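Here we start with a single chain on its own, the form deposited without its partner chain, put down as structure tokens.
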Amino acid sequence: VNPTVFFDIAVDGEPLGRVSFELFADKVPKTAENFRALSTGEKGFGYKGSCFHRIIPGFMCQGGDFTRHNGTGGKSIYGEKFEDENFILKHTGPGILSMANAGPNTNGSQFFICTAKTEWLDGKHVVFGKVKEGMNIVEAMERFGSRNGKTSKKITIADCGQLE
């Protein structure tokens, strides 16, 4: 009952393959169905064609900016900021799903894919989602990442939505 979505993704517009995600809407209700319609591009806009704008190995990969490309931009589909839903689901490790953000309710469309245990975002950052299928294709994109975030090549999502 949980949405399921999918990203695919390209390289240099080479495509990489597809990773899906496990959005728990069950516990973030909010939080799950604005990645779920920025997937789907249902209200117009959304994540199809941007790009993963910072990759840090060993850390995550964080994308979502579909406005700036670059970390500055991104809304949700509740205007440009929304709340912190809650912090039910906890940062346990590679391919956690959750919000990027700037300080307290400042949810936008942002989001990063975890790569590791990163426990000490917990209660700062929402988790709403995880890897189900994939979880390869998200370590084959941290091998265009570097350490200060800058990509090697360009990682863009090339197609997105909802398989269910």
The other form holds:
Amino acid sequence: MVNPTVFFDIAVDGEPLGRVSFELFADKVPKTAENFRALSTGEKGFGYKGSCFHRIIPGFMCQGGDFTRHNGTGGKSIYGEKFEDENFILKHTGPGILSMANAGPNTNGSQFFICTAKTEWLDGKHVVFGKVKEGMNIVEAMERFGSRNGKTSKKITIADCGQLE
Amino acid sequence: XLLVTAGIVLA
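Given the form deposited without its partner chain above, what does the protein look like in the form solved in complex with its partner chain?
Following is the full complex, with the preceding chain placed first.
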């Protein structure tokens, strides 16, 4: 068993920025990791390719994954619209953590956020399931287009994504 | 505040 690695190529108003790759902890959260892996390959007929990071707050995180509504109100898992909080073994310990956005207990869909800081107040409420393996510097450059209220000044999109390993 | 929700974003 090896934990899957997936990648995103980020673009800023259609200009390619670079690739971020993530390790997904399928050994601790198999179902949440599988969901994110299959949405990154697009193998169920829908996913993250072409979607945007609709909310970026400098010093906090970058949120994306709403491929249906593109605004925080949509997205869906590969299991149906939403699924349960698998477990909360892992914590939001530093920059680079990958975690699920939600609207309350057991409302996981497709929306996720990449932490650029330790956010321990979300521990026990958001399921951590991966971490940035390479390209943390692309996440830092992404953060520059965010604002205190979350709106980005440039359109940040996932131009391509897929699984590496 | 600093939350990450999908739908009603709180302070």
